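*Asks:* Here's the letter readout for the chains.
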Amino acid sequence: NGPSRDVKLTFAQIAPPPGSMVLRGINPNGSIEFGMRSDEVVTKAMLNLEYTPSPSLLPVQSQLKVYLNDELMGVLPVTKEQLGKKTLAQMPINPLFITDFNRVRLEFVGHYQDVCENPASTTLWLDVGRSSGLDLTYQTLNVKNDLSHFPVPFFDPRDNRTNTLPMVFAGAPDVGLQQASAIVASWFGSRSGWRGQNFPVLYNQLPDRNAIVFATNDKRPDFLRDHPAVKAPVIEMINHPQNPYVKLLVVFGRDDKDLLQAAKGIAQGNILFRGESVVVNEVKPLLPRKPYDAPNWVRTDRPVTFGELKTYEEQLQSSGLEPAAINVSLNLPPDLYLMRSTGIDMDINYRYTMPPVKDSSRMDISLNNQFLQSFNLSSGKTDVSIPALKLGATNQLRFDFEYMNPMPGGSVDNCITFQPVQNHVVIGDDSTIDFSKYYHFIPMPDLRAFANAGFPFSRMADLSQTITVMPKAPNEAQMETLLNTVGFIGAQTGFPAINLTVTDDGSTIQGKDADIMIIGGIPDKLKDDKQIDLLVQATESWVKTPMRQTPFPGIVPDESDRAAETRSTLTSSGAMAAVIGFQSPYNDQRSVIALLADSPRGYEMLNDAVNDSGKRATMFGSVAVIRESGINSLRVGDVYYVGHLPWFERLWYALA
Amino acid sequence: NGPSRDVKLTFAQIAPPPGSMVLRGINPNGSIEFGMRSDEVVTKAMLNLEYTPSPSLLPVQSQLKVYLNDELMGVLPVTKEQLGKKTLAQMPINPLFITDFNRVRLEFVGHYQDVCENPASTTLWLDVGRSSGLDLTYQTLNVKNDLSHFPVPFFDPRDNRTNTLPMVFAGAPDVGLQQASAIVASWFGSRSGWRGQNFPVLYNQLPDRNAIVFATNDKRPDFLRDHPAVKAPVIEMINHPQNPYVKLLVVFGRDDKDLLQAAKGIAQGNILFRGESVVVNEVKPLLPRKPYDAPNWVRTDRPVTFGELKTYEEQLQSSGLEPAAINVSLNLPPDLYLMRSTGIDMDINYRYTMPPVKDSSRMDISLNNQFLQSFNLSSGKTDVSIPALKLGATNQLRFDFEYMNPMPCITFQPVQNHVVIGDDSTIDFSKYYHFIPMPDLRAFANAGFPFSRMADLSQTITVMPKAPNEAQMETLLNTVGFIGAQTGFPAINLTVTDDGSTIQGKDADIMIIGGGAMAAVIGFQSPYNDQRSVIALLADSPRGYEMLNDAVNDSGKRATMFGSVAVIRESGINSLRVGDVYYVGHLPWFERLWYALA
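Protein sequences, first through last, are from chains B and C. When you line the first sequence up against the deposited numbering, it's residues 67 to 445, 465 to 741, in that order. When you line the second sequence up against the deposited numbering, it's residues 67 to 445, 465 to 493, 500 to 606, 659 to 741, in that order.
Isolated chain B, as found in the complex:
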């Protein structure tokens, strides 16, 4: 009935970062994870395995077991012909046991002797290659047009892929339509988060996937011509006119103000979505946002507990003979002034299963893949000071419990066989880390801060102090750039950009206390700015190169190194794009971030760089050149500080 879709899930993508897995007698389990959308059903599942059982393995006694959601799918005994050789195995997977979240676990049973044997012998291994995969077939279901499960058909949280959500307009959008689409894109990005954002833009065209359609009583796409006129903003979930398995979210309104009201209702009142059509009556902003109040950032009004940092329950606990590391994500306001702090105070309350005798078992605390401190297990609330030099906008805290498991072996005459006992390790939810004793002071421009948190615009999570400058009649590429650059900011903040202001004149921003975002090229007034270190015309580009580009500089800007050495102007037909940042001429505390492209291919490259988190993480400094090869960043230009340092700190640190 519904359309089908064949996917191959290679172990290198859905496995631990190495991709491969060596199953031993002491660590016999290894799992892969995959989810299923609420509008899809698996009709055919097959697990292809490429593994090499160790020689010296007893053939029929050594086996490899495959589990799906703790249900046995089959067993692969190690035939004598397979000892020490690469083997190809096809294990069918029953679709009746596939649910929203699915774990496929490989269990290895291994024996090398008919007599006394050591489970931890290093000769009992079976490594599964990363070329192994899980072939799946998905069939789309005809879900009913109910506005409950509102995001589900468009963004499904059970799907870990990039949320590709097309947006359909009648034509070139006006300022109000651009603002409403930006609000919707920001909300969808905040919902999708780490999965990624992608908003293809179609003008008067029906797409082949689930999409959002913006319509007005006057300006509407072709397929909505027969739709009756509306008296209020109406949100309808209708079927695709040609594909009943494709859903359309039609945001209909009398005009741009009605569409804006509907977008705000989507952003702030989606909990009341029901039926097949909803009319938005009024959204009342009772309370404004405060600086640095993004839901995805660490609160700075009081010490934050580890419970408020975990994203899912049972995250701060691990079990097993060798328990997996515990990871806590620390997201901070990018302008936290930590250049002077000796260290950040962190009180850790950790519980573990004590080994019977004193050994070298320990718990290792690692920040951003760097070892910080170690605590011996054979020893309440421990005080740990983490240096602030390596604290960025996005941080990862890892707690590794290295266990030396002393298992007896008896004597030479008489052996003993033991059953290993698993260990339990817990990091308490009462553990706290304090970030409330620091000020907001950053050496702008910081394209790293931009690409990591949208800082100049995410200082207010609703983007109320941000103005976006767009061309008069933007095309699909420019609208895609705006939607993607708003969606990724929404993803980092966790809050939709309800109060974002989009302008077109380019001169109304004069004398306004707002950070500026430029998409369709720098206006004439700001084009002659002396702080711009990179400008891209249709085919002519010039850049300013710093005196010294240290690969790993300290947090101190070192303005002597950042001084521009030479300015080189080059012209070519090859595509390029750039993101630049400079001080606003109208306010010393404000900033301007401009996304520049010279061609459709340049816009494609810029959009890909914005969408890809890995490509974004490579942006730093003041200018980020995007080419076919990749992204190259320069730390060039003047340094201006945004924030307020009280005179207490300045006087205290004047005398060291």
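Not one of these hints is a red herring.
Each pair of labels, with its calculated beta carbon distance range:
#1 181/B with 93/C: 28 to 36 Å
#2 386/C with 365/B: 32 to 40 Å
#3 288/B with 169/C: 55 to 63 Å
If you're looking for bench data, these hints aren't it; they were derived computationally from the structure. Just so you know, even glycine gets a beta-carbon here, dropped at the ideal spot from N, CA and C.
Got chain B sorted already, so can you dock chain C onto it with the hints?
*Replies:* Chain C only, in chain B's frame:
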């Protein structure tokens, strides 16, 4: 369909000859690391091994495991016929798992008993001969003509070999063409610093490899007498007319001024390179270079943190059962005055995994394989003083963390250890002075110091013959590339001349190139300025020029150059200190008085 290249690698750790690599229970791992050029793929790979397993090993329980990027390529179980005898075993390597950086690991699983096994038993060993290695067959690809990867096909950073980059002209170059070629060679040497640099020169002959072609409207090579006339300096990436795998970079311009502008654009504005052709419109300098601002050298204006000495992240940390040594490279300007103070102060912050009980675990600090001082790991700050007499050449600072790994029969899984050297560790060089007697060829052969005091070679004039030969251009390109490699910066402001009358009465250093085979390097004081100097690169025969270039590009030969005059002949390299001795610098009066009194 392209050319193929065969290489043979050898295990990294191995041992000094005539030793061999032995894998034991403590660390049964042997690794081979190699990088891949972006224009090459591996067509056939194979690991040849010559190993002698211990005669007291359980045969089939003991195995050899080969990994490639943490992917098992195969296993080599020990056989009863192989116990105590030399065994030759081959293991194919799948090219599908080869990436930019590759690691081939040999893992040893050893067993001598069924119960009560001691991992530290002396009977668990596997000797691997030095003849064991990896046989690879690279194949050259036809890469796209994109300047976004501008240096990739000419100088590949992932290539560890010497970068041989032929330079093609149209004839005897003029002064402007010489200057532009020198700028380009300086930039390429700067990009390929610690690896060798060689720039063969051809006058009207296309080469068989990647090359840089300099052409003007009036003067073109024979194969370029079809390109339309250009109205601006143009840099173009084109295929070789008879070999689509060779690739050429064509620097086309109206005249020598346009070629110079294109060279400066290559040196500075390479971040804007895109497409198959770029047009350099204007390279406008804004700021000059201060002395001793070469990026390769340590800062002399403020204390240097260890983070700024890092070439890659995670260099200062190491993990494992026995963590590997941590190496920091220090390049010092070869004029610091260290005849007054005892040494150089160091502040070191290091964190480590504490052993469960106090033992003889220690950290060793080594300077150029010379043991300096050991510290004990038990409780982490540390203040050290380093004597400084290795100016110019690169210095390796090694931190070796040796753990005793005490034994708690009973079988246990060993726990890995983490050692970290802080990025806030500080070494100081800002509060010193610049003073050494200039007429030393060691300073030249190590850093190009008289000319490298300014990275851009602003205060340097080069004198060349009227109609230079291929060898006469090659020596200039080689020396400018060597200076660029030592500095880390292109020589954009280098001045070349054809007649010696311009250098009269100029406050700038002079580098003269002129004339069985004899090659001589002469250094003496500049007549027109007491603080300047002149280094002459003289050679009579073309063979003499060739051996001079070989000496200047060979590190071992450069290490045998000292004094004021060096003479290069087929019998060897001889250098005798002749002439007077004078000093350069700005030593204060009271410091001079204190030094004289001391």
